[PDB]
Amino acid sequence: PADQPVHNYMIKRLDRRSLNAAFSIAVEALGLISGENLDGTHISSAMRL
Amino acid sequence: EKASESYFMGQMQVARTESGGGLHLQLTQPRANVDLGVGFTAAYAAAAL
Amino acid sequence: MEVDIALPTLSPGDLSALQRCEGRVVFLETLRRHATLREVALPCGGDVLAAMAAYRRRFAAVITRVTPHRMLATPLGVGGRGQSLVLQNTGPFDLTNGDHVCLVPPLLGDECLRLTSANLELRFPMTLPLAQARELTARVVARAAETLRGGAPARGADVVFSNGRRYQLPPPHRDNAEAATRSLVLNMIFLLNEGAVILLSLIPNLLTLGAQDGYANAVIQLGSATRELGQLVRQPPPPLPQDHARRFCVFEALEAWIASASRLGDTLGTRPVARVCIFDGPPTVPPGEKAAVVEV
Amino acid sequence: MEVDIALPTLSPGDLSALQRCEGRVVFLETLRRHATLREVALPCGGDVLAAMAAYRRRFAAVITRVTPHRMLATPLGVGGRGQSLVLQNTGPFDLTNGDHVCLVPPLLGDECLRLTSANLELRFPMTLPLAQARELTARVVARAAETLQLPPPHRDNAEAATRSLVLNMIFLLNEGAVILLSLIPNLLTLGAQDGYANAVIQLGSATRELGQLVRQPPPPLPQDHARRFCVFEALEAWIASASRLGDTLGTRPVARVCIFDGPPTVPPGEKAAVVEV
Amino acid sequence: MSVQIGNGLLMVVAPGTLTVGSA
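Listed in order, the protein sequences are those of chains L, B, D, Y and S.
Heads up: the first sequence begins at 100 in the deposited numbering, then just goes up one per residue.
Heads up: the second sequence begins at 1036 in the deposited numbering, then just goes up one per residue.
Heads up: the third sequence begins at 1 in the deposited numbering, then just goes up one per residue.
Here the fourth sequence stands for residues 1 to 148, 168 to 296, where the numbers follow the deposited numbering.
Heads up: the fifth sequence begins at 1 in the deposited numbering, then just goes up one per residue.
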């Protein structure tokens, strides 16, 4: 006897990855960038820049 | 092939933590993927040695 | 600081069994922002010695909320100012308020979450107060030792009192193999025997002294200032020429024993990792439910 | 809190030398806020055992910055169990992520930072991982116990270390100890029927040369052997005493290395982050 | 009529720990 036409279903699950990277900033240079330790001199401005 | 892969990028975000004195900013990005074709859609040949 | 764990596609139903573990402590490898359940895992049955030794080469971390996507975890050692956290007690007996906790592997009848779905097993350690944890291992090994030499069948000493409810110390070779803790027994008995041997070889006359005066006077003058009977320790005979198969240098053995005893005494836990500071709750937490704690 | 170590004036030929020491640890005597450079200053090489015995009374402090005026520091452990800091690996061995660190006085001498501008010099201790500091202190105490890269002892403090050792050794022997000693043949006959048992016994274990020379009778029963039992007390004592042997001989570790980003290994002579325990 | 916008202020001053460590 003939074969009836066949039907089939299939599913694929997701795959999960991630990416990352570090950005560590120094200990003497953010409060010139945060302006806390900034003192008013013609020398510290250049260092903040 | 023309489209051998389905790819989803999540949303970037920052997670930060203090160590090594300074600040340690840590970028992350969750991302997922899953093939988009019945049967194999990629192969290699190993040409040289 | 916080790290999640890539939780593989396990199953329906069994995930709701993993969810029952929201206070157990698991050991990572390194502090990244992404781990995998594939690595934070041990054989459900393995020796307790090497597991206790591995518990140091790694970092500790507790399990906060677990979600079908992933479970989040917070480490213990690293951190700042000692934040608070929950710690589901799993021990054989409860832990009282205002004390310390230690982490020892499951010396007794093993427990493990047999994740049969993705074919892997998790083995969580135990949480015991320091006082009883310093001596439970001694109970296990003393039992094993008295069984070794074929002695009296029993004495009625396989019990430990704690907050009244006396524990029974379930019988051996019931849940685990007897070989689960035999390496610990060997490595701890052999070292003490070697220490006693080396000592008595240094001081031969130690035991022929007065059973109540010579020994006591020797110790009271040794712990005190430098009487030392000049050189109290005796002079050892010369050794063999290093090609004779019977060479025995006492001091080489002494160095070996010092090193090995240090290596053991380190990897035994017995160092507090956290301290209970419960507040607005029942005064003491029976075994099986969670409790508030501060890391040390 | 931040200890402030003051400085005299110095020639720039050595200020740049001291400036390259930004992660080494010093040893104060008191935890006053201010302190002068003369306070933290040891003589040149000498008395490794005595020096190690000195690190157990004063408490350490790592320095963090060097300005041409002052020199900051940090009390190592008085109030912090998570104070993330930096100290440079000044030993011969590189160290991996995870293990603790222990301070030991240097060897061979020649690791002395001489400042002729004030006729003083320092001796920064090296930093070793535990699994090796233990072996080092073991070798040194064992060698110095014989005189009842190798420097000799001085015999004026060796006896103190031998006392510290023999004391912990002698107090281990108790009524229980002889019971455990009564099975050395019963142990050796076991260490020949399986593999791991033969492995756990070392080769020159000084006890394979006892079960083959001396026989002992059944152990004498103790007094009141119907109520108490000695072996468990003996093993509790042994655990309690072995858990604090490296303390009385070497020194307790102070910090374990943690690294989030860089490669795990940090080769000698390079800075590396850490969290103190 | 007494609870948590000054008991607001009060609890969750919480999500501020760096106040960075760097100049």
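Among the hints, erroneous ones may be present.
Said to hold, decoys possible - Computed far set for chain L versus chain S, every beta-carbon distance over 10 Å:
#1 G130
#2 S133
#3 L148
Said to hold, decoys possible - Straight line, CA to CA, 25 Å or less: simulated DMTMM-like cross-link-like pairs of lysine to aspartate or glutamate:
#4 D:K290 with D:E111
#5 D:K290 with D:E121
#6 D:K290 with D:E178
#7 Y:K290 with L:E127
#8 B:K1037 with B:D1070
#9 Y:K290 with Y:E2
#10 Y:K290 with Y:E22
#11 L:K111 with B:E1040
#12 Y:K290 with Y:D4
#13 Y:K290 with Y:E121
#14 Y:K290 with Y:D14
#15 L:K111 with D:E29
#16 Y:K290 with Y:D175
#17 D:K290 with D:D280
#18 Y:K290 with B:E1040
#19 L:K111 with B:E1036
#20 Y:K290 with Y:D47
#21 Y:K290 with Y:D280
#22 L:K111 with B:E1053
#23 D:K290 with D:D14
#24 Y:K290 with D:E29
#25 B:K1037 with L:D114
#26 D:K290 with D:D99
#27 D:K290 with D:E2
Hints were generated in silico from the structure; no laboratory data involved.
Idealized CB from N, CA, C, for every residue including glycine.
Status of the hints after comparison with the structure:
1. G130: Not fine: 3 Å to the nearest Cβ puts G130 (chain L) too close to chain S.
2. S133: At about 6 Å from chain S, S133 (chain L) fails to clear the 10 Å cut-off, so the statement is violated.
3. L148: holds (14 Å)
4. D:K290 with D:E111: Holds, because 18 Å separates the two Cα atoms, which is no more than 25 Å.
5. D:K290 with D:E121: Cα-Cα ~23 Å, so holds.
6. D:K290 with D:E178: violated (31 Å)
7. Y:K290 with L:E127: holds (16 Å)
8. B:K1037 with B:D1070: Cα-Cα ~13 Å, so holds.
9. Y:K290 with Y:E2: The given pair, whose Cα atoms are some 20 Å apart, holds under the 25 Å limit.
10. Y:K290 with Y:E22: holds (9 Å)
11. L:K111 with B:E1040: holds (12 Å)
12. Y:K290 with Y:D4: This hinted pair holds, its Cα atoms lying about 22 Å apart.
13. Y:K290 with Y:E121: holds (22 Å)
14. Y:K290 with Y:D14: Holds. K290 (chain Y) to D14 (chain Y) sits at ~21 Å (cutoff 25 Å).
15. L:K111 with D:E29: violated (31 Å)
16. Y:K290 with Y:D175: violated (37 Å)
17. D:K290 with D:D280: Holds - the C-alpha atoms of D280 (chain D) and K290 (chain D) are around 14 Å apart, at most 25 Å.
18. Y:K290 with B:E1040: Distance ~44 Å between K290 (chain Y) and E1040 (chain B) Cα, so the pair is violated.
19. L:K111 with B:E1036: It holds: about 19 Å lies between the C-alpha atoms, which stays within 25 Å.
20. Y:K290 with Y:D47: violated (28 Å)
21. Y:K290 with Y:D280: holds (14 Å)
22. L:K111 with B:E1053: With a Cα-Cα distance of about 41 Å, the restraint between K111 (chain L) and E1053 (chain B) is violated, given a limit of 25 Å.
23. D:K290 with D:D14: holds (21 Å)
24. Y:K290 with D:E29: Satisfied, since the Cα-Cα distance of roughly 22 Å is no more than 25 Å.
25. B:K1037 with L:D114: holds (21 Å)
26. D:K290 with D:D99: Holds, at roughly 16 Å.
27. D:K290 with D:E2: holds (20 Å)
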